[PDB]
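Given the sequences, and given the hints that come with them, work out the whole structure.
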Amino acid sequence: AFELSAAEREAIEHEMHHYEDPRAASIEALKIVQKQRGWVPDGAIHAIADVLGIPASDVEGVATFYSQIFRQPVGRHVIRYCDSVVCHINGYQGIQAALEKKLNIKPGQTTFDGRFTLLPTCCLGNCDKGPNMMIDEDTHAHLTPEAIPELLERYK
Amino acid sequence: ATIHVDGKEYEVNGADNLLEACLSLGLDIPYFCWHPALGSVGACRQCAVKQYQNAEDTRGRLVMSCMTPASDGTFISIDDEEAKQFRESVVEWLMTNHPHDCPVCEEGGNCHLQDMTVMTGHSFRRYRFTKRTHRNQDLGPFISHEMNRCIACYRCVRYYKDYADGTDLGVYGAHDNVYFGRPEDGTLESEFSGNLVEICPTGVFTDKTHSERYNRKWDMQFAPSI
Amino acid sequence: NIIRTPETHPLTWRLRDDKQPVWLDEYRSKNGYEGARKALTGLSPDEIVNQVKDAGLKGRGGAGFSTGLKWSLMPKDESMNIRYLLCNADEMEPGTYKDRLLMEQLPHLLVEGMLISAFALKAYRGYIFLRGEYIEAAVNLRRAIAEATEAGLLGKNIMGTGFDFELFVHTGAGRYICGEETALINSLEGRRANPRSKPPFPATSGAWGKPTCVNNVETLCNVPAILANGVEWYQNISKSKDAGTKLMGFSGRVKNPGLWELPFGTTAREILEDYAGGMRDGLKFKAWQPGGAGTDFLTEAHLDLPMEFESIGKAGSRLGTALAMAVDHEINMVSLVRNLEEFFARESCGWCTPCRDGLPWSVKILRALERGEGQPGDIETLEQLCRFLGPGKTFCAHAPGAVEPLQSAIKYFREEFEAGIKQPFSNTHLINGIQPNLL
Amino acid sequence: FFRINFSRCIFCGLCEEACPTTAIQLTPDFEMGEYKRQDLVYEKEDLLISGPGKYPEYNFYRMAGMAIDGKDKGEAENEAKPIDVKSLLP
Ligand SMILES: Cc1cc2nc3c(=O)[nH]c(=O)nc-3n(C[C@H](O)[C@H](O)[C@H](O)COP(=O)(O)O)c2cc1C
Ligand code: SF4
Ligand code: SF4
Ligand code: SF4
Ligand code: SF4
Ligand code: FES
Ligand code: FES
Ligand SMILES: [Mg+2]
Ligand SMILES: [Mg+2]
Ligand SMILES: [Mg+2]
Ligand SMILES: [Mg+2]
Ligand SMILES: [Mg+2]
Ligand SMILES: [Mg+2]
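Protein chains in written order, with the authors' numbering: chain E, 11 to 166; chain G, 2 to 227; chain F, 3 to 441; chain I, 91 to 180.
Hint data in this document are derived by calculation from the structure and do not stem from the laboratory. Treat each hint with caution, since some may be false.
Looking from chain I toward chain G, a few residues come up when the C-beta cut is under 7 Å (computed) [stated by the list, open to error]:
| id | residue |
| --- | --- |
| 1 | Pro110 |
| 2 | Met153 |
| 3 | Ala154 |
| 4 | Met156 |
| 5 | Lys163 |
| 6 | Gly164 |
| 7 | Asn168 |
| 8 | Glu169 |
| 9 | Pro172 |
| 10 | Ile173 |
| 11 | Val175 |
Every residue gets a Cβ at the ideal spot worked out from N, C-alpha and C, and that includes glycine.
Structural data, given as structure tokens:
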């Protein structure tokens, strides 16, 4: 069972009056609910749909369209490396290999215990600076396959 | 109100799109996402016709019939080689991911996708790779759900939500993995959901009441009743 | 190093040395909000728009359309008193990193440019449609908005004249298609980010059925200097037909990657070897993209033409964000083009068939070609995708640009594509009792 | 029920040519000449042979896209496993 907390419901209701249409707060409501819990559970869809005033179908379409609104159980510290043209050139492949050799998983999976999900991301908009990756909200650039272990040991 | 289609000169209502006017004149243009009740959206890209100007532009540009205003000084050509090839390749792209199951589809001899595939003259598969697959939902005791056969034309969603105001059907996902169904298994609440069995051009939504005791369209015997 | 001066470096000139942002006090100190004050208390709408049209400012997002015409398109009638100005801070393009600099280190520049543009447009609200992966940028933008609000630069009665312009920030989830001009509007409405057909243009019916002009970050950063220093000064920065300054940079394995502000007539070789340093220690130049990923490759011969819209447009390619990428010799072209097409295919939306269903086919063909399992008719099938995904065949501009690096790499390096075709075309599986139809 | 009127069948072979699942075939053997003409109407029980006929290894349902007891949604020939829209991958 799912029910919206008081803090996140209040934040959604405060976001709903930044726009002319309540619907417009849908992405921000999903991001609030995800911030609190790490992902958007199946009941959060209907809860947000009841708070805003739009159906659960629209909220579920918004949540499954965008790639940073997780609809499946994701660990903590959702690692997102970049694999686009500028990074492909700078060698993000070695960075992905040293990441999935240390986490012992494949891109798209949790590790064992609910920490260090591994995902690829479109581009982090920091191309001139080596292969990049974000862990949760910290952008890490100039990545070297030697410094992946020590950089992962900072997140517990 | 006087368009030129392949040299011929017709008289049309200048207030509707070129697909509507050309279909009213009796010509044959393929189209998946247009419906004369749900307006025109340019999604499927399958009703492409070459459009010239000056009556002497020998190098027109491909444009969708359902989205051009069909004004007075309009010169198009449905049969242009480039337009033919694009319309054909457009169905080939849809056929890249289709399921090899016409024989077991609820609607053979009644499917619009079959009509348009035979119409665009495409009977050869160059695709070689895997097809995307989808899991079905339980939509009720009335209509079935086979998302493997979806061509993403958006007719179901447009009708069900913008026309009939359904509120429990939409589109999910993106990037060739798009999905059209309910947010969760369950019966469809809208009173007018049966029309999804004929709005959908493919055999994604097909009624169960006929699927139990099935018979191909040719075998049926109809009569005008109320 | 570079000697910045307010004359030649209107954007990058105030940027303090230690990379920390420039807050409201230091900004105003370095002649900040002077252009906004001039525009608000010495000009009027329909005059700022003409000043921007005469200055010749052009779209810095990648399209290249004139900003003055963009703003003029707005309807002229006071029956529509609710208008929106949306900054396109969503910067997703594999190779562009220019808005990060601007709205991380100079948030007040963007705030003031947006204030001036929303006064010119008679818009009461402004939404900075942010990226989401820009954490520090969002923090700095919100801090700058709060400072300008507390200091009178934002709010109901802005510096005497009656003009409200409440300014908001919208950090969205990560999809590249929301960068599109009229898909950004959908995403801001809280819907799925699907583009919209034009006409009607966003200028006449946009955000919520109201008028709306979507502008990039650099375009809007360009305006404060135009108003503050004058229209002629901006007209005369250099003798090129694209007036103003531009953020240009070289990405890739160059000796000093980054971005700089250049007079918009600079040859691409003058950025690679003078500023960016050149290929580094043992690497050899092979090709380059002018602008973000989504522009045509160019060989070494095209390295001397000036970086402007008309020159690179006539050279086959197109100047996008003017942030080049240098591809060195050690990069297989088929692998690189596969890495680009899989992004362009996975990052699409589902609306139109040519993009949604034809880009994955190209991705699979390129994977087979780079694995060594190509077959006759593959390159001739890729080339057919570059003609049928071009402009006009698809609903938006995502696929026309998605298929530009593919055709541009085929043209120049067909040998690296053919080298992958090592199989006999076969598609059937030889059913036992049926005899195949021969050729 | 499957029923074929053998008092009308001209043995053209058009049926076998149309069957997309290779179910019905024409085999080298003649029908007995019945006594009543009613007994010339075969009703599936008579027709269903025990074997695969001329084409030994063809299995239509190994090609079809819809699920049966044997194969699931992603287990057909030249098909990919179904990716859920609620996935995490971009
Ligand atoms: C697929 C696609 C993605 C785009 N992404 C961006 C983007 O990330 N940032 C941007 O400023 N413009 C982007 N644009 C260009 C915008 O549509 C729009 O023209 C621009 O943001 C604002 O116009 P301007 O260049 O005149 O300022 C994109 C266009 C397309 C077709
Ligand atoms: S939807 Fe039409 S084309 Fe597709 S399998 Fe069914 S009958 Fe064949
Ligand atoms: S389910 Fe049917 S109507 Fe809906 S998009 Fe797919 S093919 Fe079109
Ligand atoms: S080309 Fe079509 S499918 Fe691709 S992003 Fe644009 S509208 Fe969506
Ligand atoms: S061969 Fe088949 S199709 Fe032809 S007459 Fe006999 S039963 Fe009818
Ligand atoms: S391609 Fe990785 S940071 Fe841009
Ligand atoms: S029917 Fe016109 S684009 Fe689909
Ligand atoms: Mg009409
Ligand atoms: Mg199933
Ligand atoms: Mg089921
Ligand atoms: Mg779903
Ligand atoms: Mg149907
Ligand atoms: Mg506009």
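Each hint, compared with the structure:
1. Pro110: OK, holds: I/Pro110 within 7 Å of chain G, min 5 Å.
2. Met153: Holds. Min distance 5 Å.
3. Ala154: Holds - the Cβ of I/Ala154 comes within 7 Å of chain G, reaching about 4 Å at its closest.
4. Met156: holds, 6 Å
5. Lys163: holds, 5 Å
6. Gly164: holds, 5 Å
7. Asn168: Hint holds; I/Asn168 Cβ to chain G Cβ min 6 Å, cut 7 Å.
8. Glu169: holds, 5 Å
9. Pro172: Since chain G brings a Cβ to about 4 Å from I/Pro172, closer than 7 Å, the hint holds.
10. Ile173: Hint holds; I/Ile173 Cβ to chain G Cβ min 6 Å, cut 7 Å.
11. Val175: Hint on I/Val175: holds, closest Cβ of chain G at ~4 Å, below 7 Å.
In terms of the numbered hints stated before, the structure departs from none.
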